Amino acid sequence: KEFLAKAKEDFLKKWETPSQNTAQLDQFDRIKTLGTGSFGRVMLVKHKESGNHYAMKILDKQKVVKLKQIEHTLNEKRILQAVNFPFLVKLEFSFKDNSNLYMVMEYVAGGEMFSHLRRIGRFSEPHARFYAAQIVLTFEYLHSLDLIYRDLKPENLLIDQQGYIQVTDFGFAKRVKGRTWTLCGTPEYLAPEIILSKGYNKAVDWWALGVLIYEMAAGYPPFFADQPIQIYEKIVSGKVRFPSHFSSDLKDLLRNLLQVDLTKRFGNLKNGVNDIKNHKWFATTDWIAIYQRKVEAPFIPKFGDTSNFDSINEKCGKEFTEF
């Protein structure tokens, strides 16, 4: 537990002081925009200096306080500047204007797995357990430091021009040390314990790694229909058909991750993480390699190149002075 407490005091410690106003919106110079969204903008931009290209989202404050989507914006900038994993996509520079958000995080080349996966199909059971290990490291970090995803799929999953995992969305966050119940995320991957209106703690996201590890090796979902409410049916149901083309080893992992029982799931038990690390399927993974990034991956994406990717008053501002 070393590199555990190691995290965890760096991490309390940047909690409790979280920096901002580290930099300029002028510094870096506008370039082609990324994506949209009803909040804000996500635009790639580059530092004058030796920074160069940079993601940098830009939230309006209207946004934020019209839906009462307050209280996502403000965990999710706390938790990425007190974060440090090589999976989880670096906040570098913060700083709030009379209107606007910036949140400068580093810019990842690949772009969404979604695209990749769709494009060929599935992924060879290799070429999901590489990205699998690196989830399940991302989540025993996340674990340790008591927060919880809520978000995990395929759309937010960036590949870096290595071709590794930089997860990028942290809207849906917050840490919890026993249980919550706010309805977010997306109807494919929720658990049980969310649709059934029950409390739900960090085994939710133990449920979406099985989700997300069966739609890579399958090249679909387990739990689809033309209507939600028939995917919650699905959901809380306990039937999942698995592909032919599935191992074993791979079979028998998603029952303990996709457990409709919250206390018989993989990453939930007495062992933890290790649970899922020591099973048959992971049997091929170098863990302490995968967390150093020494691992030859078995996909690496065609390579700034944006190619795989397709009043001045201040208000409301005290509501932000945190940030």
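Positions refer to the first chain, counted from 1. Each form is matched to the other, and the largest set of C-alpha atoms that superpose within 1.5 Å is called the rigid core. What changes on going to the form deposited in another entry:
Just a single entry of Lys63, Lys264, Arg293, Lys280 exceeds or equals a 2 Å CA shift between the two forms, which is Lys63 (rigid core superposed). Core-superposed comparison between the two forms: the CA of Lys46 exceeds or equals a 2 Å shift. A movement of the C-alpha atom of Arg255 falling short of 2 angstroms is seen between the two forms when the two forms are aligned on their rigid core.
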Second form
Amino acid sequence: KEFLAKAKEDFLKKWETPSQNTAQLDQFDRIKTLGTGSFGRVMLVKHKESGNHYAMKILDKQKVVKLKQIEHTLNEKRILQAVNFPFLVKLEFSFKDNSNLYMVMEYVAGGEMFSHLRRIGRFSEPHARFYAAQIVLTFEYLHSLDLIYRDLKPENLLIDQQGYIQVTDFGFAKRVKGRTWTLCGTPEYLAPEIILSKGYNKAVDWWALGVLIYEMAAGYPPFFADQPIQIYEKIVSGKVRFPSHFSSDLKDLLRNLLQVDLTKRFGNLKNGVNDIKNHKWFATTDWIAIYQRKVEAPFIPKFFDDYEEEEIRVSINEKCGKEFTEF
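Having seen the form deposited in one PDB entry, I'd like the form deposited in another entry now, please.
FYI, this one's just the chain on its own, none of its partners or other molecules.
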């Protein structure tokens, strides 16, 4: 109770006056390239003073502009510097220079829920429930700050060194008390009210939780087809069919999450998230023990120079200064 009001205070202070240039490139030893994103390399770095390892995402400002990802990139950074929750990736530092934006993230030698789910095929209900519980608490947290996530899917969930989820992508997340209109997400996870195009609210996250739980437990999502139009028709007008192996409790929870009418959808009623937390399917879930990450995860990921080292070259001339003023 009193912790949500404190969580709200801490978020609002940071949301209204975001932190900027909290570190600089010369404070990090550049070890090697971890991978490539849309806008540049992700590099393993060591903070010289603390000796902590981080994943430094390098975003070429010129490329962010060319791909029209300015607003998404600024939005994601503003949210990440303000939020604090066990299942949200942690932005430790941010800064910018003439060429680049730098998001110095907590280093997670984990796996991706997407590749893990696709390799295993499907999760048992107890294992799906373990992951689902984390998403329920995360949506509870984000919704208490009036954040709509609206991009849930296995692809946006990393599995960390302790086998817990971290939500990794906030480009699409919006701070909004009530209704909003922007079309976004991935076809298979779109809530019917998004497709119906007369506006939607935070209830779209509870729909997407239904899609995620179904996909984890079945190994495939409830609505799919060769073309996005046929998916949209099934979402708005069609019925789900549950595999025979789904428990009665799972089918009941999913009937109330995959509820086409947002006014009857669990998470969106008078009792809010408690209709989900107190559902029979979650009877065995110790919500505090999940939050405190005291539950044994069912899967632990099995975690020198770059093949060709490329140096970072920062221009002596400022690129796209006006666009990224607030970064």
